[PDB]
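The full complex has more chains than appear here; those shown keep their coordinates.
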Amino acid sequence: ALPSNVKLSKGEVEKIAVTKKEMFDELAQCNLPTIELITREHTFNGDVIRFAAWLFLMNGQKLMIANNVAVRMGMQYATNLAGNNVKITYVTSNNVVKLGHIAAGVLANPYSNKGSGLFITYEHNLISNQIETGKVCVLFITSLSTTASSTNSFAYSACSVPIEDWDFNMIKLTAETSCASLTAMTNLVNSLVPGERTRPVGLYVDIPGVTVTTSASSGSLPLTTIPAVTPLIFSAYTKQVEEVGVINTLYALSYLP
Amino acid sequence: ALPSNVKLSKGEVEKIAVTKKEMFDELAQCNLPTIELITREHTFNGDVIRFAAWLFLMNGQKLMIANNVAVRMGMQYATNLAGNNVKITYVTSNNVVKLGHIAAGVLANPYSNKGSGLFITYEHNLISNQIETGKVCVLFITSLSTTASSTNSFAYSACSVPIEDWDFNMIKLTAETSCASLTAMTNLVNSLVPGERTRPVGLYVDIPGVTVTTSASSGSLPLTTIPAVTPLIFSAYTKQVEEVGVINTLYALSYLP
């Protein structure tokens, strides 16, 4: 801890750094070489840090409508829209597990209020209300005006990803990385009185083949509920667009690189 | 300072690694050499990562009954069944502090509806309702059927531990590590209709001398509430057995190895 700056022994480094051994130890039980299975499972396979961040974002958080859903990899059950645990179906393409889904179940109260949401489904286009075989449907909806505004103005970006190409890591919500959605949303925001302007954010997806579409402005939430029969992957919505950030963060945290 | 493989200086390791200094620095105040007392106490002595993970598990989580209790080491007060801070009494064997307890207080509503829970008390057997002098009493209760099922079927595992041999670390819930509780519990689940079967989890305890007993199937929760006057160490219960995993995680997180 004391010396200026020269090559460290293993013992010195174990003293200066946070070790993986120490991280394992947070969860280790009864002097066993492995973390308990039922813990590993819901814990991103040991990652207590990721799990910590993720956990509160997933639950409660005050302005988020009645139960987020994120079906994670390597698990048996996930909680649906009503907060209940249901069986996961995992989906294969080319011998690889791409994703899981569950029955949406019953959203007690509609989305509302001038917020932002990211929803992801298997084969069920929420906008068009139609099935798209072998695609994953990504939907981002948001207020364009601020919570304090007196203008009702909303929009959405959307795209469909062939299941073979699907990769959780290549999706994000952004206000800085250039792409069709950010550009469109930026133009859409600028239609409002300056005082009522949001910080534009877009649906960025970097998977070749896929183009992301952005709607026109709406003055009414593009999506209010989700049919309970819906094969659902991920669903999260704040009542306050000012916090759209946390929704990107949740999603980023839900799935491994 | 990132692309090569041999022999790092202290200064390089401090850039490449997450350091203890930085972790200390999340909690440091006023350029002082130690973390503030009143913060160290409830923070597992500065372990902010542990504390992060633990915190949300300990509170709210929408399917857990009205207030988990985990009396932690080296603290003044713990919150009881009613969520109120009451004085901890610490217990000594052979000049070593083994564990603390509090008056259980008042569970507003009964445990209920096909869940799982772990309870640990000082000297009070919750099943036999009698005092066992110098024993620590472990009770794990669970549904055998799924939440979706139409069968009321419940069981519990239990054992008593001599206070001198007590070790928070040698207990866990498991579905993989071989033991008498897992075995019994496996056989018990297999008495149900395939579609209603849960993944069996047993109470595992590696303290020599101790044997863990498992009940027969019950169809009615082995345990519904806790007498207010009870000396309580740990109590946690979910309404949904499918998440019994979190209960193991919480417990694992509450006590240091």
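All chains are identified by letter, namely A and B, in their written order; residue positions are counted from 1 within each chain.
As a working rule, a contact is a pair of C-beta atoms (placed from the backbone, for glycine too) under 8 Å apart; a residue touches a chain by one contact, two chains touch by 3 or more.
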{"item": "Given 2 visible subunits, total identical subunits the whole complex contains", "value": "3"}
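Please note the rule applied: only the chains that are shown with their structure count from here on.
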{"item": "Contact set on subunit A toward subunit B in their complex", "value": "3-8, 12-13, 15-18, 23, 25-32, 36-39, 41-43, 48-49, 51-53, 55-56, 59-60, 67, 76-77, 83-86"}
{"item": "List of subunit B residues in touch with subunit A within their complex", "value": "7-11, 13-14, 17-21, 23, 47, 49-50, 52-53, 55-57, 60-63, 147-148, 169-177, 199, 201, 204-206, 240, 242-246, 248-249, 252-253, 257"}
